[PDB]
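Q: Residues per chain, in single letters:
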Amino acid sequence: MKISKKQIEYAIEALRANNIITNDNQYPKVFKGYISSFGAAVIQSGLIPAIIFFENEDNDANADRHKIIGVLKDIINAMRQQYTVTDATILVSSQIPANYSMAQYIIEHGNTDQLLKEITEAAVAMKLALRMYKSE
Amino acid sequence: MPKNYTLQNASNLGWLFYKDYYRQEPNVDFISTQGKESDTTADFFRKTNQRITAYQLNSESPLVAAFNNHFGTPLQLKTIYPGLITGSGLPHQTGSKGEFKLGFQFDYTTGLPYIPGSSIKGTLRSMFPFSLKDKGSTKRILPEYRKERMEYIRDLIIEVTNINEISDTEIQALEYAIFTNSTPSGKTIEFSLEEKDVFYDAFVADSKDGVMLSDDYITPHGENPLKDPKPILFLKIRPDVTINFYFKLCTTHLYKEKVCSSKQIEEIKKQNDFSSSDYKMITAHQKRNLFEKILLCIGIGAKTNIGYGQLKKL
Amino acid sequence: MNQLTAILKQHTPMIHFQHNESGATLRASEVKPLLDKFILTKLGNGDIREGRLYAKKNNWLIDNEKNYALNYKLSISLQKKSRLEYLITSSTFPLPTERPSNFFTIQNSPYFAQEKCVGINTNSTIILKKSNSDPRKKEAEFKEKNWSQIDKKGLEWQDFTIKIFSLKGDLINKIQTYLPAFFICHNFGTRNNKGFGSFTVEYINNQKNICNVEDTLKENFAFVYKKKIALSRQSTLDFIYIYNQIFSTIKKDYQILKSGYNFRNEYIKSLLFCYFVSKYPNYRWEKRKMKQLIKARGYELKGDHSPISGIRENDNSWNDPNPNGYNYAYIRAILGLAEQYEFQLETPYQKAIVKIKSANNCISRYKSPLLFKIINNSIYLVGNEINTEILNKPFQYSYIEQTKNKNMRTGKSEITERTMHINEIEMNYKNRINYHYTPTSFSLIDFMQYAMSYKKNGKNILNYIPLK
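Residue numbers (the authors' numbering), protein chains in the order written: chain H, 1 to 136; chain I, 1 to 314; chain A, 1 to 468.
There's no promise every hint is true.
Listed next, the in silico DSBU-like pairs over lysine-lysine satisfying Cα-Cα at most 30 Å (straight line) [claimed, not checked]:
| hint | chain 1 | residue 1 | chain 2 | residue 2 |
| --- | --- | --- | --- | --- |
| 1 | I | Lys133 | A | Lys56 |
| 2 | A | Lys227 | A | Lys42 |
| 3 | A | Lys81 | I | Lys121 |
| 4 | A | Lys81 | I | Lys208 |
| 5 | A | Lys73 | I | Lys135 |
| 6 | I | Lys248 | I | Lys121 |
| 7 | I | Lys139 | A | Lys66 |
Ranges of calculated distance between the beta carbons of each label pair, as one might list FRET restraints [unchecked claim]:
| hint | chain 1 | residue 1 | chain 2 | residue 2 | range |
| --- | --- | --- | --- | --- | --- |
| 8 | H | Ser4 | I | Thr138 | 37 to 45 Å |
| 9 | H | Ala98 | I | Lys19 | 26 to 34 Å |
| 10 | I | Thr6 | A | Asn361 | 49 to 57 Å |
| 11 | H | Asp24 | I | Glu25 | 44 to 52 Å |
| 12 | I | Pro2 | H | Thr120 | 35 to 43 Å |
| 13 | I | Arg51 | A | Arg297 | 51 to 59 Å |
Quick partial rundown of chain A residues pointing at chain I, CB under 10 Å, derived from the structure [as the list claims (entries may be wrong)]:
| hint | residue |
| --- | --- |
| 14 | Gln18 |
| 15 | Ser77 |
| 16 | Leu337 |
| 17 | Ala359 |
| 18 | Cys362 |
The hints are simulated quantities; they were obtained by calculation from the structure and are not laboratory data.
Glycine is no exception: its CB is placed at the ideal position from the N, C-alpha and C atoms.
Start from the sequences and build out the full structure, keeping to the hints where you can.
A: The following block contains the structure:
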C-alpha cells in the first residue's frame, strides 16, 4: 500500500481544518493512539462498528475522539474530488455531506469495499501526517 | 448456542463478542442518538449477551487436553468471586443500552477466554525491581520503586529457594536472566536452547458446574451526590473457574553476582577456585513457585486494585 | 509490612445484588473508594484536600494529579460459604412453613423495594393464597424458582477475610490504624442508611482489635444517639427475633421522625413537621397543600379526619385563616427525595399518584442524611450536616389518577393509567415561597436535638444523647 504525496497533503489540510494541529504546529499526544486504535478496531470489529465507536462522543473521559472521524471524512472528500472519469470504482456521485454521520453513509451505500479501501488509506495518511509534526 | 463449548457445536466467543455483536439486523438502530437508547437495541444486545454467557467448559475438553500436550504441565489456579477482567482497553463501546462497555481478551482461533503471555510476563515483571525503564520521565520514582520491589522480591526468593541471602546485584542479574535473558547491560549470555523462560498464554480450563463468562456491574456514583449514577456493564470470567498457566522455565545459575549457562557453570565448578558461597541456583520448580506466589499475591488482569483477577490455589 | 489481613464480623445482613454466586461477598469496589476517602479525610483532619496533599507527599497516590485513589490492593474473600439468606419486606406478611434451612424473613423493615416478592402473583417468592380457615388469616407458599431469580437478597456470612496489599509499608501502617474506624463508620449494601451491611473488625494480622465503638462514632460524627434496646433473656440464642425487633424499631423511629406513625390505633405527629412549625417563620407540610389541592377538585381522601394545621391538641382543620395562606414548603425533601406520593381516596381501587420531579434537571436523588449503625445488637443514630445544595430548590408536582379496575378475566393486570386531573398550580406564589420550594434554612443537629426531646409523659424516641 503506497500513499501518494497528495494524500498526505490532504491529511495535513484536514488536520489543520479540524483543529488538531495547532497554529504552532503541535498536536495532542493521544491522537496517534486514537489512530492506531481506529485501525485495530476496523480489523477487529469491522468498519461500521469501529466508526460507531469513534463517532460516539459520550465518553467525556478520554480526549475528543470524534475529530478523527471528521479528519477521515475530509480526507475521503478531498480524495473523491479528484477521481478520474472512469466511473467503475469511483462511486463519487458527490462528496460525503458534512452533517451526515459517516456510519449512516456506509450503511446507505453498500459499497463497503471501496469505502474500506479509502478509509484505510486515509487512516494511514493521517498517521504519516501526524508523524510529520511534533507531540507534547 | 448450547452449553459445553466444543469444536463440534459452539460459536466463536471472540467472533460473537466483536463482530456478530454489532451485526446490521433489520429494524435495529444503534447509529442514531434516539436508536441507541431504544428498547429494540437493548433487547438485541441482551440476546447477544445471553448467547455469550451461556457456554460451559468441561474439564476433559479436547481443546485444553491439546493445550496440555503442546505446552506442558499446567499451573491450575481458580478465580475468586469478583472475577477476572483482561483486555478491558480493547474498544467495544457504542454508547448503546445493554451493551458490554469494556473489551475482553479472546483467542482468535479457539475463542476461549485467555490471558496472553505478554500480560502474564508483564504482571510478573512488575513486582520485580528492574521493570521501570531509566528513561528520564521516571527519574523521580525509580529509587523508591526499586527499593520496595527489591525488598519484596528478596523476601519471596529467600522463602521459595534455599538461598540464605541474596544481594541487590544478584537480584538484578536474576531478573534480567529470567525476563530479558541477558545481562543488565544488554550483553547476551551464551544460553542453550532449553535455557529460556517462555511465558505461554493462560487458558480457561474448567468451569465446573457453571458458565465461564458472566456480566458484572460497576456503578460510578458521580461527584455530585444528587445526580443519578451511571452503571457500566462488562464481561467477567466467573468465580471458581480453573485457569491453566503454562510456563517453560529453566534453571538459573548465579556465580559471583553473574548469570552463567549450564556449560559455564560446568567448567567453573571443576576449577580449583569454586566458592560454594558464591554459587546460587534456582531450579525450574522454585521459579514456578515464585511465579505462583507472585500471582497469588497480586493477581492478574484489570481492576485488580478493587479485587478483580485474584487467584486461589486449586 | 506488605500484606494486611483482617477478619470481619457481620452484625446485620447485607442486601447483595449478586447473590446468585456462591462466593458472593462484600465487593471491594465499594470499600476501596470509601476507604480511600476516609483515610484521606482522617489524614487531613477533616479536610480531604489537605489529606490529598499529604498523600501526594510520601507518594501514596496512584494518580498524583487526578483522583483520590491510593496505591493498594483490596481483596475480600469468604473463608467458608455457608450462606445465611434473608427476605426483607416493609410489610407484615404471614410466614409459611416450607423453607430451606437458610431462609429467614425480616418484616416491617426499612427496605421497601422488592415488595412485590410477596402478595398474589405468579412471580412472588411467597405466594399468599386463600385458606380454608378463617379468611381474616392468609397462608403462604414458597417457590424456589422465584426465589432463585430475585433481584436482591439479604445475606449474612460468617467471619471472612479482607486482604490489603501494598508495597508502601507506611501506607499499610496508616491503613491498619484507620481500618477499624472505617468499618465502624460506614455501612455497605443496599439501603445502608437503615442499618444493613454492618461490619466490624475482629482480627488484624492475627491480633484482636479493641476499639470503643462509641468513641469512634463520637469522633467521626456530629450527633450520636443510642437506643435503649432490650433482650428478654430468651432471644439471645435466636437471631431472627433480634433482627426483626431491631429493624422494626428502626422503621418506627424513622417514620416518627419523617412522616409520623399512623398504623394501628396510634398517632404520633411527624417531628419534622413540629420542628418546622415551632421554628422561625413557620413552614408547613407540602403534603397538606397537595391534600388541599386534591380536595378542591373532587374525590375525598380516605380518613375520617383533617390535615394537621399545627401543633396543639386535636388541631384539626381543612382551611386557612383569613390572612394570607401558610408558608408551605417541601419539608420532607431534606430527609430524602421520594419521587412519588400515594394517596388513597374514599373509594377503594382508585388512588392518587403525585409524581415529584425537579423543576430543572438538576436534582434527582438525595440519600437520607441520617445513618443507622447496628453494632452488637445496639442501635446508633449518627449524622453529619445535610447537603446544603437541596435548600431553596424548585420542585414540580404532576398529579395522576390510577383507578385499579376489576380484572378483565383475561390478564388480571393493570392498564389503569390513562387518567390525569388538572389541579391548580402556584409557581412563584408568595415570592417563591410555596410547596414548590425547600425551606432554605435547616440544621440537622438542631432538629435532631429537638427530636428525642419532644415528649408527653415520657420522651418518644427512647434514645439517650452521647452526641459529640
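Q: When the structure is checked against the list of hints, which entries are broken? Sort them ascending.
A: 3 and 17
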